[PDB]
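Given next are the chains, with one letter for each unit.
Number of protein chains: 4
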Amino acid sequence: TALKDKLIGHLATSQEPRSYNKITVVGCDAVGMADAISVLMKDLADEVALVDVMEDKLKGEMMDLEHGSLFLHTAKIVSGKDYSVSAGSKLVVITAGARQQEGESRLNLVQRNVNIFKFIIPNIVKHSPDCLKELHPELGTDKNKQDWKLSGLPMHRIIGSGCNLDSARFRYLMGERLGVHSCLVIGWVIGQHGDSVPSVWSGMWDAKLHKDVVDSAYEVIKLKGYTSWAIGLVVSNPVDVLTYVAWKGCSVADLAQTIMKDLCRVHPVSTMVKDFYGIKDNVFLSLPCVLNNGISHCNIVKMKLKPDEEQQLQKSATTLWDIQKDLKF
Amino acid sequence: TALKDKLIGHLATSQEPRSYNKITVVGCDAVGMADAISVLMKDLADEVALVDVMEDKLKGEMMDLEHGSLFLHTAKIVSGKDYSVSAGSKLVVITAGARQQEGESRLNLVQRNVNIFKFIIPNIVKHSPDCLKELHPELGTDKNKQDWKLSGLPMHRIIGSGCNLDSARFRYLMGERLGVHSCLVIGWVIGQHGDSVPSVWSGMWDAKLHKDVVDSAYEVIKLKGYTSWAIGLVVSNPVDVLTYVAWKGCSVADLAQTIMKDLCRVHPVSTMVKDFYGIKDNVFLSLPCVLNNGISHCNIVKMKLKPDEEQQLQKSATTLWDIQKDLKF
Amino acid sequence: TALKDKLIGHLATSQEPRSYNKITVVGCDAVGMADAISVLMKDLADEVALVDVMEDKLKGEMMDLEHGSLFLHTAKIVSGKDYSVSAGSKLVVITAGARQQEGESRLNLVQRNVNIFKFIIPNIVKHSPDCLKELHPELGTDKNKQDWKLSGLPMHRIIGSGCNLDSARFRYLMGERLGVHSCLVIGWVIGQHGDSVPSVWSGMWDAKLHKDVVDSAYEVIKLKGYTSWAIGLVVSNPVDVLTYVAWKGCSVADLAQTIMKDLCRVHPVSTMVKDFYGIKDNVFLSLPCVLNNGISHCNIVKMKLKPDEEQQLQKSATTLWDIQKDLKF
Amino acid sequence: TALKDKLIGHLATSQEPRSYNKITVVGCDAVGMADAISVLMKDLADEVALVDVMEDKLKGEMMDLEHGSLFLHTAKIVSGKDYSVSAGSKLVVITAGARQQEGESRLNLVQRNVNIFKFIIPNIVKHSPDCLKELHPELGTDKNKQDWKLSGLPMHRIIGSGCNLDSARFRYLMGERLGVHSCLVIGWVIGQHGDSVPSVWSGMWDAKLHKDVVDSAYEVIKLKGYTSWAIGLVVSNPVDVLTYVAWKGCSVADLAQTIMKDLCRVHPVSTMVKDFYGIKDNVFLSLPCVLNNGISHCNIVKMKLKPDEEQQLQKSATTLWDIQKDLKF
Ligand SMILES: NC(=O)c1ccc[n+]([C@@H]2O[C@H](COP(=O)([O-])OP(=O)(O)OC[C@H]3O[C@@H](n4cnc5c(N)ncnc54)[C@H](O)[C@@H]3O)[C@@H](O)[C@H]2O)c1
Ligand SMILES: NC(=O)c1ccc[n+]([C@@H]2O[C@H](COP(=O)([O-])OP(=O)(O)OC[C@H]3O[C@@H](n4cnc5c(N)ncnc54)[C@H](O)[C@@H]3O)[C@@H](O)[C@H]2O)c1
Ligand SMILES: NC(=O)c1ccc[n+]([C@@H]2O[C@H](COP(=O)([O-])OP(=O)(O)OC[C@H]3O[C@@H](n4cnc5c(N)ncnc54)[C@H](O)[C@@H]3O)[C@@H](O)[C@H]2O)c1
Ligand SMILES: NC(=O)c1ccc[n+]([C@@H]2O[C@H](COP(=O)([O-])OP(=O)(O)OC[C@H]3O[C@@H](n4cnc5c(N)ncnc54)[C@H](O)[C@@H]3O)[C@@H](O)[C@H]2O)c1
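So the sequence lines, in the order shown, correspond to chains Z, Y, H and A.
Letter by letter, the first sequence follows residues 1 to 20, 22 to 81, 83 to 103, 105 to 131, 132A to 132B, 133 to 331 of PDB author numbering.
Letter by letter, the second sequence follows residues 1 to 20, 22 to 81, 83 to 103, 105 to 131, 132A to 132B, 133 to 331 of PDB author numbering.
Letter by letter, the third sequence follows residues 1 to 20, 22 to 81, 83 to 103, 105 to 131, 132A to 132B, 133 to 331 of PDB author numbering.
Letter by letter, the fourth sequence follows residues 1 to 20, 22 to 81, 83 to 103, 105 to 131, 132A to 132B, 133 to 331 of PDB author numbering.
Mixed in with the good hints, there may be bad ones.
No distinction is drawn between identical chains; accordingly, a pair holds when it is met within one copy or between any pair of copies.
[Claimed, not checked] Straight-line distance between alpha carbons at most 25 Å, and here's what the computed DSS-like set of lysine-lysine pairs gives:
#1 317 - 304
#2 4 - 224
#3 213 - 304
#4 308 - 213
#5 83 - 263
#6 60 - 83
#7 306 - 129
#8 306 - 213
#9 308 - 282
#10 304 - 276
#11 6 - 276
#12 327 - 83
#13 60 - 213
#14 151 - 306
#15 60 - 276
#16 226 - 213
#17 60 - 226
#18 4 - 306
It should be emphasised that the hints constitute simulated quantities derived from the structure, not laboratory data.
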């Protein structure tokens, strides 16, 4: 009659149910699942949201993971296909289906992509008025813009996902030759997320000492610092002898990391380059922006890119825009 | 002219500064400092608040700790003596000066205490309209009520602090004889926080098996299960051959733990016993209440206390109220 | 000539490279990948080992995950197919290929399994002399024995994996009806890991109060407490409308949790039931054993199983052994 | 007869009790207590050791803290006054009594210090053959040497404590003016730990861009970058209007952080400067050394200190040695 009830009574007060911190995920699967595994075990949102047009998977996904539900502590995990559930989320991220096939054409992914991605737009924005969007979906930089202009949430609240991992692998491969690790070995590569991403090796140092200096100069010869980068670009390629990426999931987790908590750190991502170098026509690509509480702490960090590198960044924008131009909106 | 500025520019967006998760502390020192050390390194509040009538200490306190500021990550730590700073906090806790002197009279602490504590009231409540109050201050149970009725925030949002540690030490001393630890060894002692706290050994078990059962019956003879408890009460006493308590700080941290995050777990604390056992006259003491987001998830858990124990709890209320009656409001 | 070198010199001391805490994984994939994601982001082993006969995947696996390598901190992650790399690990776990196909016959998995699993044996044991083995592989209970007797490491160091999650989902589904969660809601189900797993509801309680008591009696009628369990068994089934399990990975992580650290907590697993209830013939199944540093802290916890339940456990052993008997060693 | 026993039986195996990861603390109190609070709640050692000639305090200390024992998870905490308990520890740290009195003479602390510190030596070394020593005790740099030469453990295993916090406060105060925080704002100050500590502002940058550059040049005028540093030195001073330091405890925690785990990161500390700049006579002071598993990963990082700064470091060594010379061994 009141079993659960008689063991657990209430008080005369009654501050009704509610919540506070929200997390929403689009695309229950690899990128998603990986993200979920990362953000869900790390601990962030009061309640998390998963939503797809794959009834089946989600059940199994939301349910089983929920299983562990108990190995850590979150509260609630929701699923569905009507972007009704979330209504009011801070940390929102999307992916979608369209992954590289060994062979290239990551850019091709532009045509076949807007199809589904577009519609996602009206849904995710309407209910997440106070939400910030992170896109793990292909074409970190590119797709970002579409939704943004599409939705038109003031920049700072919109984040693509782009060049986050770029660095890490770069920073990481880096420590191997050093005998120190990704940690202190701070190495930077900034662009947009695909073979060609300019590298700013001029920012190579350890501790309080600048690297180039220690060695002197660079790539055009040397021992192929050149290579380091390329297979950062190439990185994508081989791996999928495994089929895809199933856990760069940390990067995305880190990215929103700053956001949700609101700490103001300097990290890659994709914003708007309109009055900077050559690029002058909204070229949402990979660039330092600083993030925080429901916004990208409105600060894009300016640095002096060596010309070699300098143009490289401008370059990207140039090559990048080609694809949008077509529009197919 | 714009040094910091030229390195760090902004965007055309501009979601002005603000924040989200708040923590406020009263009494920069042991209990406080310990709490701070606990809550601040554990990671919870976006920004933390410290406030006392000890200008000096606080500087050194807020400043130095702030020092580490960098060994973990919070954002901002504020100090002052005008309860203006916090304006709008969720997790608020108070202590105050008045600690036991080897010899007893923890209750004496009632007269000399309301003096300062009272005034604290108007201040902390006026600005923390949406805040919940945890009292590490002496007389967990007792003092609680004063402010509450004083302020009159609907129960669920007001928490004393009382019998939290009671259990742990009890649960803890417990594992020593077992060869398992506080973890799984779930042992309960519930009352109000001072020598006399009734113990409900009937709730002694491990895994899925009830203890008493395994041994059979109990204290009146045995090997002094009796003792276990008493020096749980006594616990206070000796230690101060060290002067006081400088780190039960976890208990308080745990207590609010449920709160801030809002998870709904079952833990001791001090509420209102008005229509339960004998006690019928607002006897805010040590009892299970379940806590959550800006409220004590309005549920006090009912259990069948053996008569021996049964009365013991009623008892406490009886002996406890003596002190208030006098009022001196 | 000495670039990396001139930036980083050494001292006259020289305590050569080495390490300390080791983790080894068999089966780079779901269970594995999930485990890895769990144990690797949680933080445990100084260095981790992955090893399969799937050159490709592992590259992509070890490499990419390694990618994040930098989002947390471990040190080294190794891969190969010669069980040479690990030589000397504490926390070793295996899975293998052979997952349920919607339809049942998890037991069928016995024939098709020993084929590959057997050989794994000589390899993993020869080099991990001081290692403990956890089997996420199908037939938690069953397979366990094979290797064990096979290897013959003294019990306490051998753990199957079996009924870990059993509980959690049970404990978990549990909190839904309560309004409290897996946390405090301690609910037990112990057996071996497949439809039929006996449940000991007699161990149903919250706080310090026993449940059955609160409601009184049980299943044979009621509101189907019966069901709760079955789809704990069924749990497996549906989900794979997703294909399999991709993240119960926590359970395994938790399981070794106690181990690696060596804390002595009470948890399910699979050991040897030889002189307990009816079972008398080495029936390695799901049962409480307590785990710790390179051993299962040699303690299996005895409790009084209601007859209804009582036999149920005995039962399992009976039905379980059928499969081994055949031997096919 | 076997109460605890009958609930918890053992197995025929029996891998006797033991342990693995060890932590030892000298000076139960502020620095110590703070450390303990940090290292003990953070989670590191299997078992921790506290040891003093203050029977009383320790009881209360070890006991009460132990209290929380249950709010996190370690295993065992030991106390005594015979350096017998630890026998075999990795992470060992000492402090001792002799703190600054508002007025200066931190160096005076040399005479009054060796008295007690000396004897500590034979004890702590004899039993911690495989232990590394961190000195939170005054004169980070100075005292370090005494014990070292005293004990003579090969450098890499001996760490003073010196300039750790130096940076943080420096790095930290830093972010205030920036609008980013200690995190990314990597700012370096390296010397020995007392007013005069040279600063290498030439290593001022954010992201991948060097600072000085952005502003151009420096201190001799400017807006007092000079000041920033000095009250880094001064930092010590005022605070003690609070009596001392009660929680820089993180720095020490971080310092050993690298050690215990063995990760190889670049951090301040005190080593031996014998064949570097001017200093040529064992001047154990504040300098980057890289730390790891039971050793300071034998690497001291070389960088080009501007002359202004250049000499400053040499300088320190010069002024520093004065005090030892006297010897009073
Ligand atoms: N942007 C980046 O920095 C970055 C980094 C990693 C991966 N990725 C992107 O993420 C992808 C992940 O590939 P994968 O192999 O792991 O999985 P997958 O592409 O096969 O699965 C895609 C999933 O996206 C979600 N999705 C797709 N269509 C959707 C729709 N209309 N509505 C809502 N959700 C929908 C669903 O969860 C779906 O199962 C890559 O191929 C790439 O597009 C991007
Ligand atoms: N309630 C409980 O469960 C529980 C458990 C532990 C300790 N305690 C209480 O906490 C005390 C801590 O003692 P201690 O030795 O650690 O330190 P302490 O009593 O000497 O310092 C008390 C501090 O309380 C704060 N305080 C005092 N007067 C105040 C005022 N008017 N406004 C604002 N803040 C004020 C200040 O930070 C002050 O320095 C105990 O004596 C007891 O009262 C209670
Ligand atoms: N024991 C339990 O409690 C429990 C719980 C969850 C899942 N599981 C088991 O784990 C399986 C995971 O299935 P999945 O779909 O996630 O992945 P999967 O079965 O398709 O991949 C199996 C993987 O096991 C490893 N493996 C297989 N053969 C091996 C060999 N000869 N040497 C070394 N490693 C080898 C490889 O990493 C391989 O890719 C389930 O089907 C079941 O067998 C068991
Ligand atoms: N080296 C550094 O980087 C650094 C940074 C912070 C503080 N400190 C040092 O730490 C001190 C801490 O001062 P405090 O006010 O916090 O506390 P305190 O000086 O009053 O207490 C000192 C404690 O050191 C231990 N100790 C002293 N004599 C000892 C002996 N013979 N054997 C074993 N242990 C003994 C005891 O725990 C004792 O209570 C400072 O004054 C300074 O010496 C150094």
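Quick rundown of the hints versus the structure:
1. 317 - 304: Answer is within; shortest intra-copy Cα gap is 17 Å, inter-copy 37 Å.
2. 4 - 224: between (72 Å within a copy, 14 Å between copies)
3. 213 - 304: Result: close both inside a copy and across copies, 20 Å intra and 11 Å inter.
4. 308 - 213: both (15 Å within a copy, 16 Å between copies)
5. 83 - 263: neither (28 Å within a copy, 28 Å between copies)
6. 60 - 83: Within one copy only: 12 Å inside a chain, 36 Å across chains, cut-off 25 Å.
7. 306 - 129: Classified as neither: same-chain Cα gap 40 Å, cross-chain 51 Å, threshold 25 Å.
8. 306 - 213: Both, since 16 Å and 11 Å are each at most 25 Å.
9. 308 - 282: Classified as within: same-chain Cα gap 20 Å, cross-chain 40 Å, threshold 25 Å.
10. 304 - 276: within (14 Å within a copy, 41 Å between copies)
11. 6 - 276: between (64 Å within a copy, 17 Å between copies)
12. 327 - 83: neither (32 Å within a copy, 49 Å between copies)
13. 60 - 213: For residue 60 and residue 213, neither the intra-copy (51 Å) nor the inter-copy (30 Å) Cα distance is at most 25 Å.
14. 151 - 306: neither (29 Å within a copy, 48 Å between copies)
15. 60 - 276: Neither, since 44 Å and 40 Å both go past 25 Å.
16. 226 - 213: within (16 Å within a copy, 29 Å between copies)
17. 60 - 226: Between copies only: 23 Å across chains, 49 Å inside a chain, cut-off 25 Å.
18. 4 - 306: Answer is between: at 15 Å across copies they meet the 25 Å cutoff, but 65 Å inside does not.
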